[PDB]
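**Student:** With the hints as extra help, turn the sequences into a complete structure.
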Amino acid sequence: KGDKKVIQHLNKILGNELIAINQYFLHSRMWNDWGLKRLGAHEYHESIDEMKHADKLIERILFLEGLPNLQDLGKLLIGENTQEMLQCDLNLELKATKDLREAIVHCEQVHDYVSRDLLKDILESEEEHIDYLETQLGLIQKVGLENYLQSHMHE
Amino acid sequence: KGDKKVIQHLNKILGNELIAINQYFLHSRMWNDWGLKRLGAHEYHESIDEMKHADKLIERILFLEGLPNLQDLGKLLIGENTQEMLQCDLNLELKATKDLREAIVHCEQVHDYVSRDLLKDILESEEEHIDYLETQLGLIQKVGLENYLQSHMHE
Amino acid sequence: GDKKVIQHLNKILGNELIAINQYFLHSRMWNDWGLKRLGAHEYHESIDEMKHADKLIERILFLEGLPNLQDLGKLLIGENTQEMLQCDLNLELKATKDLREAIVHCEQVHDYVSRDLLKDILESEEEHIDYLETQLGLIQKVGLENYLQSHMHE
Amino acid sequence: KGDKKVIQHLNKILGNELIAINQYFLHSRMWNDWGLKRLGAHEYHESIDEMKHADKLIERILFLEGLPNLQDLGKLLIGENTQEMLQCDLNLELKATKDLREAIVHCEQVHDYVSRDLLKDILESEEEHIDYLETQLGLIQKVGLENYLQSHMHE
Amino acid sequence: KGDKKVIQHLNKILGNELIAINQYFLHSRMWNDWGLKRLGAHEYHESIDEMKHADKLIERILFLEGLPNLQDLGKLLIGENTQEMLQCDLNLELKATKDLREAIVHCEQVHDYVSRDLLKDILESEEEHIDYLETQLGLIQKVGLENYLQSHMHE
Amino acid sequence: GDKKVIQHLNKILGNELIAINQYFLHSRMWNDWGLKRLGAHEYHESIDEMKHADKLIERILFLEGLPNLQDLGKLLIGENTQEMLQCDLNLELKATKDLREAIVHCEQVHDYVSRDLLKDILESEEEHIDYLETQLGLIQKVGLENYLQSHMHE
Amino acid sequence: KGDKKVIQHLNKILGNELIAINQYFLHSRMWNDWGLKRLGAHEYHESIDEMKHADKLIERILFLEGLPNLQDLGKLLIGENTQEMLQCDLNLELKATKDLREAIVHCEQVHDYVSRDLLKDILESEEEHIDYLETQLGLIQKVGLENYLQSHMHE
Ligand code: HEM
Ligand code: HEM
Ligand code: HEM
Ligand SMILES: [Fe+2]
Ligand SMILES: [Fe+2]
Ligand SMILES: [Fe+2]
Ligand SMILES: [Fe+2]
Ligand SMILES: [Fe+2]
Ligand SMILES: [Fe+2]
Ligand SMILES: [Fe+2]
Ligand SMILES: [Fe+2]
Ligand SMILES: [Fe+2]
Ligand SMILES: [Fe+2]
Ligand SMILES: [Fe+2]
Ligand SMILES: [Fe+2]
Ligand SMILES: [Fe+2]
Ligand SMILES: [Fe+2]
Ligand SMILES: [Fe+2]
Ligand SMILES: [Fe+2]
Ligand SMILES: [Fe+2]
Ligand SMILES: [Fe+2]
Ligand SMILES: [Fe+2]
Ligand SMILES: [Fe+2]
Ligand SMILES: [Fe+2]
Ligand SMILES: [Fe+2]
Ligand SMILES: [Fe+2]
Ligand SMILES: [Fe+2]
Ligand SMILES: [Fe+2]
Ligand SMILES: [Fe+2]
Ligand SMILES: [Fe+2]
Ligand SMILES: [Fe+2]
Ligand SMILES: [Fe+2]
Ligand SMILES: [Fe+2]
Ligand SMILES: [K+]
Numbered sequence: 002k003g004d005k006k007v008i009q010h011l012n013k014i015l016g017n018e019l020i021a022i023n024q025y026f027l028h029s030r031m032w033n034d035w036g037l038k039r040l041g042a043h044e045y046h047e048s049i050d051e052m053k054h055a056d057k058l059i060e061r062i063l064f065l066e067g068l069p070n071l072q073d074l075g076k077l078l079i080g081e082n083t084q085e086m087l088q089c090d091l092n093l094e095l096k097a098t099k100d101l102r103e104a105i106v107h108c109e110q111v112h113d114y115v116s117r118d119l120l121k122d123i124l125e126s127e128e129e130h131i132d133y134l135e136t137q138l139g140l141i142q143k144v145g146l147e148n149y150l151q152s153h154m155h156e
Numbered sequence: 002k003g004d005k006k007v008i009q010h011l012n013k014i015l016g017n018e019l020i021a022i023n024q025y026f027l028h029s030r031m032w033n034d035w036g037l038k039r040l041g042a043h044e045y046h047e048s049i050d051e052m053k054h055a056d057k058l059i060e061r062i063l064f065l066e067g068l069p070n071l072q073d074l075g076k077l078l079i080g081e082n083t084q085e086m087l088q089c090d091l092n093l094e095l096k097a098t099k100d101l102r103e104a105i106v107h108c109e110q111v112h113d114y115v116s117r118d119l120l121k122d123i124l125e126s127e128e129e130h131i132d133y134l135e136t137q138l139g140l141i142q143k144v145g146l147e148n149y150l151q152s153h154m155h156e
Numbered sequence: 003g004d005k006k007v008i009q010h011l012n013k014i015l016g017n018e019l020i021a022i023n024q025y026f027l028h029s030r031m032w033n034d035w036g037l038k039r040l041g042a043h044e045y046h047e048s049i050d051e052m053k054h055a056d057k058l059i060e061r062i063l064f065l066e067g068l069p070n071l072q073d074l075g076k077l078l079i080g081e082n083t084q085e086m087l088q089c090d091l092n093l094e095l096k097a098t099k100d101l102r103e104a105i106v107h108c109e110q111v112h113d114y115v116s117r118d119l120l121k122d123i124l125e126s127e128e129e130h131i132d133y134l135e136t137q138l139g140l141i142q143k144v145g146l147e148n149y150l151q152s153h154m155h156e
Numbered sequence: 002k003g004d005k006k007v008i009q010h011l012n013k014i015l016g017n018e019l020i021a022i023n024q025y026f027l028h029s030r031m032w033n034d035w036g037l038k039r040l041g042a043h044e045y046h047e048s049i050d051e052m053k054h055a056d057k058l059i060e061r062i063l064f065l066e067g068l069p070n071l072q073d074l075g076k077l078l079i080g081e082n083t084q085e086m087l088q089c090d091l092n093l094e095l096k097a098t099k100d101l102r103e104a105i106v107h108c109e110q111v112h113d114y115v116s117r118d119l120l121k122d123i124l125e126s127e128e129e130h131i132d133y134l135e136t137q138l139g140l141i142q143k144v145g146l147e148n149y150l151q152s153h154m155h156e
Numbered sequence: 002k003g004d005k006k007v008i009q010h011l012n013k014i015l016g017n018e019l020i021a022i023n024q025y026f027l028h029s030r031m032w033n034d035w036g037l038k039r040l041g042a043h044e045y046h047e048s049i050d051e052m053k054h055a056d057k058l059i060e061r062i063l064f065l066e067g068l069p070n071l072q073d074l075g076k077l078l079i080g081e082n083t084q085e086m087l088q089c090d091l092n093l094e095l096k097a098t099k100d101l102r103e104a105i106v107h108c109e110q111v112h113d114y115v116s117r118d119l120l121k122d123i124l125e126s127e128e129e130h131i132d133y134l135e136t137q138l139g140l141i142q143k144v145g146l147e148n149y150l151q152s153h154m155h156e
Numbered sequence: 003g004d005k006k007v008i009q010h011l012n013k014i015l016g017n018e019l020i021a022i023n024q025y026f027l028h029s030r031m032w033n034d035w036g037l038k039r040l041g042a043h044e045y046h047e048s049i050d051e052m053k054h055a056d057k058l059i060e061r062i063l064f065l066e067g068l069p070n071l072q073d074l075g076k077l078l079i080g081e082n083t084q085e086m087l088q089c090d091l092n093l094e095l096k097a098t099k100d101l102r103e104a105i106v107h108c109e110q111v112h113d114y115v116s117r118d119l120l121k122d123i124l125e126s127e128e129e130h131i132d133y134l135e136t137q138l139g140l141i142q143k144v145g146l147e148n149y150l151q152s153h154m155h156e
Numbered sequence: 002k003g004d005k006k007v008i009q010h011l012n013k014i015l016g017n018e019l020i021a022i023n024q025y026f027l028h029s030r031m032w033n034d035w036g037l038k039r040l041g042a043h044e045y046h047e048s049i050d051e052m053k054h055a056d057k058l059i060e061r062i063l064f065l066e067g068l069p070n071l072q073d074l075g076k077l078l079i080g081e082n083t084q085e086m087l088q089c090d091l092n093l094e095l096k097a098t099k100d101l102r103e104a105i106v107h108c109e110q111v112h113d114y115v116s117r118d119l120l121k122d123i124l125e126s127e128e129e130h131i132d133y134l135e136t137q138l139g140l141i142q143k144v145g146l147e148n149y150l151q152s153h154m155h156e
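Chains as they are written, first to last, in the entry's author numbering: chain B, 2 to 156; chain C, 2 to 156; chain D, 3 to 156; chain F, 2 to 156; chain E, 2 to 156; chain U, 3 to 156; chain V, 2 to 156.
What the hints contain is simulated information worked out from the structure, not anything from laboratory work. Be a bit skeptical, because a hint or two may be false.
Said to hold, decoys possible - Calculated cross-link-like contacts (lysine-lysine; reagent style DSSO-like; alpha-carbon spacing at most 30 Å):
| no. | chain 1 | residue 1 | chain 2 | residue 2 |
| --- | --- | --- | --- | --- |
| 1 | C | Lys13 | B | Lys13 |
| 2 | D | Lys96 | E | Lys5 |
| 3 | V | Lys38 | U | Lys38 |
| 4 | V | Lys76 | U | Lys76 |
| 5 | C | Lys76 | B | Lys121 |
| 6 | B | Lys99 | C | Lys143 |
| 7 | D | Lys6 | C | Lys57 |
| 8 | E | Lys121 | U | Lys76 |
| 9 | V | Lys76 | U | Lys96 |
| 10 | U | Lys121 | D | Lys13 |
| 11 | E | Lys121 | V | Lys38 |
Claimed, not checked - Simulated DEER-style distance windows between Cβ atoms:
| no. | chain 1 | residue 1 | chain 2 | residue 2 | range |
| --- | --- | --- | --- | --- | --- |
| 12 | E | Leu68 | F | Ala42 | 21 to 27 Å |
| 13 | U | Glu60 | D | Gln110 | 42 to 48 Å |
| 14 | B | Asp132 | C | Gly75 | 27 to 33 Å |
| 15 | C | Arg102 | U | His46 | 49 to 55 Å |
| 16 | V | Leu140 | F | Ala42 | 54 to 60 Å |
| 17 | V | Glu66 | C | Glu156 | 43 to 49 Å |
Note that the Cβ used here is the ideal one computed from N, Cα and C, for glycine as well.
**Tutor:** And the structure:
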């Protein structure tokens, strides 16, 4: 039996994963639909990463005797072109990261160091997502948008 | 976009790494030159470890949007014989480790748990290095210097 | 070892030290920017100079000198790809100039084994210079954006 | 032995092979030098094709008890940028093809059907070179000079 | 950008390579045509050697920002029988080797050590060519002409 | 072939021939004492010099001179391992000095291929010198008995 | 402690091995230099065999507590053409064989049966050398000098 405020945080984090999963899945398919297959494939793997984050959160919530909340789906940020799509993912990650850090503070406070550890490993992974996303946005500026999309057409 | 003092702490640690890379590479080659090829190889391994520490710090700094400092090289503690060389390496590692604990404190205070994780990984490895060095100096007292060196002539 | 040979060899060593750190930082800068093929090529240049330094350090010790790894000259760090290449080029041209003077001096005291070491390093520095001048040249011919594009993925 | 006029024709064709060898090898090496390595390698291949054409003409001429002329080297057409280099190669090929068709007419007239066959193989291969070259000058127009060159940087 | 006088020397060494390629290639095929195929294969290999020296010289000239001269072809020294053919190659190598020594001296004088090194490699191979050729001429004296040729009929 | 270059090559060859016998005797002296690792290493030095000799012999003949395997100068034979190592070191320092002078002469008459050969030999002699000095330094640092002990078994 | 006179016999045999090693090495390289490579390969094998005999004599002498003499080198018999070379080698082997028989008597006389055995093996090998050398001299008479040298040009 875990602490109630930590379980609530785990659920908040899980809520954030549920959004990211659907948002990235849809963006991946949007990119695939437009023949930008490489963007589509990379986004798809981002989506699978969030699905695994979720899975670990769900196991942890149950082990601590909480109820995993898969019912509440927050606001998807869907873009209409590849540059908005990248910025929408990036805004979602920055929000996920704020929430991860407050959850980690809470775990530390009540000595739930195993939850803390799970949260730190997700955070490292969201920081990599941010890195990738900011880099793509930078590349579009350095190589020009048309060139960037050309380079992400074929796998 | 990370904290200014965290970046500065990472640059400090990076500075300690750069020192260790040069001191250890030089010690390693001095040992090879003397035909103490086992001590040379091991010291070469330590040098490569510190090169890999530097790499990871540089990448973290760049990602947090700081400027990695590879320009400032502190004082190399260069020994004149194997007992001095080991003790000089031990002195540098004890100093790197003190700096690493202070950097970790700050990362925790400002919620940069990914930087902290990197620093902890680096601290764990510096503590192995200290173990290696204290062990050697102890072996010199237990088996005698001439035996110690003889046992480290041939790889 | 002629004391002046050792001094030339420590001077080359000091150039190697600057190139190592300059190229390693430039490599990581390009990786950070997502230009991984430039990043990887530059990392490979950094490694070559680490190897030159190693051989310089072995030869100096053999001739009974003290390798200087304490003094680190000025890094030329660029802030965009063209400037980073030009910095790399400017460092190589300086390095190549010292190597030549060191080779003259080795010949004059008959340290022919030091001459051969340094001529091997020089050959590798001319290769580096060729790579650098070629990338500049290619930026002019294909355009900066296309050049960067073709160095994004490995 | 061979008809004297046929041997002269075979030598004129060899003469054209020797220009092309040298012109194509210099251009290959110019392209490599500029880091256009895909162009370089393809032009090197074209050079080698012509070395093999020379080799067969030399063998045939000696078999017909004629004297192969490798002393007279005509005018190399060297360009100073890639569009000029391709146009120079194409001008040379159109010249070579015209000489080939006239050597073949003459072989037919004097019943030297084996030399005709060798000449026809060479002609088929020059026709492939012409196609390669016209196609490249065409792609320059369709994809733009810069994009064309970009796509022939790396092998 | 290399030394004007160095580039002019490299072009003179190139001129010598271009003469040797054609001369040895013709000699090779004359020997093949006569059924002396071992002599023919060996001379072909010498030909290939020279082509490879040419390629090296061309790359270096282009790297020193010079203009390689494949336009001028000096005088082929062509023999009528195996003894004259070997002697003509030998005459040509000795001239080549004299030019090599002069160019090396010049590279040394202006500190182009990488060009000197290229030219020394070529020189070592030309001295191997001279050794080969002198040895054959000696063997023709020791074993008699007819025996020499008989031993070079089949590969 | 230039006559003074040929006489310089024959002089290098005379040094190689001394080195071969001295090193081979030293090797078998060490094997006979049961210091087999020293013996094996000395044997490998001996073979190196046999290969140096072979190479000089071919060059001398190509240049149309007469190789001299008739004159065999003074072997430096030690009586214990320190002294045997020091004799070899004194022979290498002599050899190296003659090498430098021959190389000077080859350069002055433009025999660059002979110079290349001599410079490869020299590089190898300087490696032999580094092995030798290094073993002598190791006797001082680990003790003569320890050093011998670590060179008993292969 | 070996018998002083056996050790002096052993050193005389070793003296002969050292002359043979140098004489055959040089004749081998003279054959290679002349392009007579099969003669040269075989002579080289002979020189190697004498190097092995010298090796075994050295070990024996040192085991018997004697001083091996590698300082004194007797007269090389060097020839100027292939017939002289072989006859020179033959004169050196007959001289070696006479000294070997005398050492074997001495060994037997003082009961050093292991030395006699080492020398017996050496003798059998010198007799094989003699067979090879007289056989080649015979062959020159039967097939002619020029045919003989022709058959020994290529390996
Ligand atoms: C005196 C300065 C240095 C010397 C002498 C030196 C020498 C070397 C050598 C010999 C190697 C292995 C080369 C090989 O693959 O054969 C190496 C590897 C490496 N170095 Fe350095 N180095 C120096 C400085 C640095 C610095 C400043 C960095 C900065 C991060 C660095 C990062 C690396 C990395 C990432 C590797 C590859 C390690 C691996 O094997 O995974 N080195 N260094
Ligand atoms: C008469 C003029 C020439 C003739 C007849 C000729 C003939 C040949 C032939 C038959 C080959 C082998 C082709 C194969 O792969 O089957 C060859 C290869 C080659 N040629 Fe030429 N060649 C000539 C001139 C040149 C010139 C002027 C160059 C200047 C660089 C050159 C450079 C080369 C090179 C680099 C190769 C590849 C050799 C190797 O790597 O094995 N050739 N040549
Ligand atoms: C005391 C005089 C010498 C002794 C005792 C000696 C002994 C030996 C031995 C034991 C070997 C290894 C043979 C085997 O079993 O394969 C060898 C190889 C060889 N020797 Fe000598 N040798 C002597 C002098 C010479 C001389 C004067 C030369 C002239 C160059 C020479 C040239 C060679 C060469 C080229 C090899 C083959 C090395 C290799 O590539 O492995 N040796 N010698
Ligand atoms: Fe996630
Ligand atoms: Fe909380
Ligand atoms: Fe994420
Ligand atoms: Fe990408
Ligand atoms: Fe497509
Ligand atoms: Fe470290
Ligand atoms: Fe702090
Ligand atoms: Fe450390
Ligand atoms: Fe370098
Ligand atoms: Fe100087
Ligand atoms: Fe460089
Ligand atoms: Fe053709
Ligand atoms: Fe006609
Ligand atoms: Fe063609
Ligand atoms: Fe193409
Ligand atoms: Fe590239
Ligand atoms: Fe050549
Ligand atoms: Fe000149
Ligand atoms: Fe040649
Ligand atoms: Fe036949
Ligand atoms: Fe030697
Ligand atoms: Fe001299
Ligand atoms: Fe040596
Ligand atoms: Fe050892
Ligand atoms: Fe034992
Ligand atoms: Fe023998
Ligand atoms: Fe007797
Ligand atoms: Fe024998
Ligand atoms: Fe035979
Ligand atoms: Fe042959
Ligand atoms: K493009």
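**Student:** Okay, which hints does this one fail, numbers in order?
**Tutor:** 1, 3, 5, 6, 7, 8, 13 and 17
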